[PDB]
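One chain is shown next in structure tokens, namely the form deposited without this ligand.
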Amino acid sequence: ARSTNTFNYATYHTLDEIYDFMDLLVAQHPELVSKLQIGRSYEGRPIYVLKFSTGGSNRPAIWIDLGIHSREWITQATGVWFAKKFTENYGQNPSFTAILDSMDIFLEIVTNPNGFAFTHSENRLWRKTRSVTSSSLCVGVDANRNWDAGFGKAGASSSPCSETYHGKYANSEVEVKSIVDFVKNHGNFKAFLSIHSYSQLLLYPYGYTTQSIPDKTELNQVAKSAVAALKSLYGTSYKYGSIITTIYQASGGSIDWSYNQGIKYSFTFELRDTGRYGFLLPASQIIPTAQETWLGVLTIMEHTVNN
């Protein structure tokens, strides 16, 4: 509440608390962290990105988004923890410090702020945006089916009332197009990580196609390493693979898009658990989730700085 050291990372928070936290961190570490507004949500909420940088030009960067599906509360929670951890670990952990000395990290903690507020206000299990309009009484888009990556192919629904509605057209959702513009403008993203829950998967492209990416040996080996790393803290077991082979055909996804933009290190995380609590993960599992998931992200970041 009054500092990042006082903020309770072991509980779920509302939108206003997470936004206030962003200000606390920026005030506490003005030299390392910048808050960027890359857009406004459908219902006009600021869309915020935290930039961690040690200086430089337009340094190669890591993108990280969390909470694009609003009900996956473990992701926004992890996302606050990560932001603190970046400030803690800089100059303490030789490895994280070599990363920030050369690369920037862009972290979007609440990708889908309207959906998030709605999970607090009215429906805990809401996952879509809150865009209206058309020939429908149904609200919102699945923002992870809205990307220009096999948009409107099988693996996404053309029904507005669907939980997997893709939207009217690729990048209809302002929460998506804001990211698109942001990353295309920057032009120097090397990794792109989207954070989801649940089922304990690490996934690389594609969802939308059975085509093998050209980088599949490397991405596979990276995913293997990062899952090994993650499991080392608490024994938490992930599976890894391409989206389409591991789950099922899915179109308009984040990672397919970023990989098609030439961002090679494009991974999605589905965090704990495997279905005991599902989206309603106990607050007592926040910090352990955040701590292990860090070891997996770190591993990918290392690989990135290195290739």
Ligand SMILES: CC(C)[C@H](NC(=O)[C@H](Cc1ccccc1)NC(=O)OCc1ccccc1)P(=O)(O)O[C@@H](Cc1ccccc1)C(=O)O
Contents of the next structure:
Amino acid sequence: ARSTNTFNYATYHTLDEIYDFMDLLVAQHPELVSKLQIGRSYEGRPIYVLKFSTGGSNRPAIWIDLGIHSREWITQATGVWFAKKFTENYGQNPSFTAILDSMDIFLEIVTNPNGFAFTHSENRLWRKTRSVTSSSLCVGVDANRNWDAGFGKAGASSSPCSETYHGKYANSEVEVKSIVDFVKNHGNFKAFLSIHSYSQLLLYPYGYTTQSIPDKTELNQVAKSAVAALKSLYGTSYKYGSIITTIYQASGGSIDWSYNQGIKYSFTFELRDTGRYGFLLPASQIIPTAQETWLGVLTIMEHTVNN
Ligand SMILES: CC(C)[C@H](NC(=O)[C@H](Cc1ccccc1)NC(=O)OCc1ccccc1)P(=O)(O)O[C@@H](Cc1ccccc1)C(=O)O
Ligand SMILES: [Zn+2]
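Beyond the form deposited without this ligand, can we have the form solved in complex with this ligand?
Below is the whole assembly, all chains and molecules, this chain first.
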């Protein structure tokens, strides 16, 4: 913590700790990474995105966000390891070097900071944002039911008290609108990855309809390859397939929106485990989870570079 080299990647961190880490990675790798503020949360916290870039102007780009659901702590812990990994492998890893020599990567480690801080202070199992519905005593909106793709349809709830409550209208949550404005404005995103836990699944569109996506054949083959690369390290098994078919029906999910904006490689990872620890995954599993997930993410980015 006097350098990202001495930061402890094998434990779970607080919001102050992860925000300070982003400042330190940018100070140590000024030619590769920068910190962008893309918005403010409902209670006033900055929403930051790390940009990894070799140069250029508006290059094709890859989006990755983690922590949209705050109790899924392995996802923010995996994102901190990804960020260091990126600065360790550029130059060393030949395909990763080749991706970053043609494209940029945007990494949002804490997509829901109010929920995150709330999981450290009052409820470890908090999922939603902290929007206050003054109609109810129930707080927050499920930010992964707030996107404008099948919004309001089966797979989300109209009660503010539901864990799956969609909000009063699409993009009502500022932490969803912040991504939406930034991605649309950028205009050159090629892949959109949103990481969750748990279940060990690789998911692609759609969640709000049983109809197949036009590109189902291609995405199924990328998912198949990505899941094989991941299992190569420690034998971890993943299942993959469309959201509605593989976990359950869900409307207003971010991957369905991005795919409908024309971003073809739209995938959600559900990380470890399959329920034995669930959201409370032991810290001794952070680095093995991050390492095998990298192999899965790298496979998809390779495919995106190549076509
Ligand atoms: C446990 C894991 C499946 C996470 N889900 C959750 O945390 C859910 C939320 C919920 C509550 C009530 C009713 C329905 C759903 N709650 C929950 O308790 O999960 C139980 C469960 C696990 C496995 C299978 C089936 C059910 P996750 O948030 O990662 O799942 C994604 C799936 C998804 C990804 C991408 C797009 C849409 C949906 C999501 O629900 O937003
Ligand atoms: Zn989730």
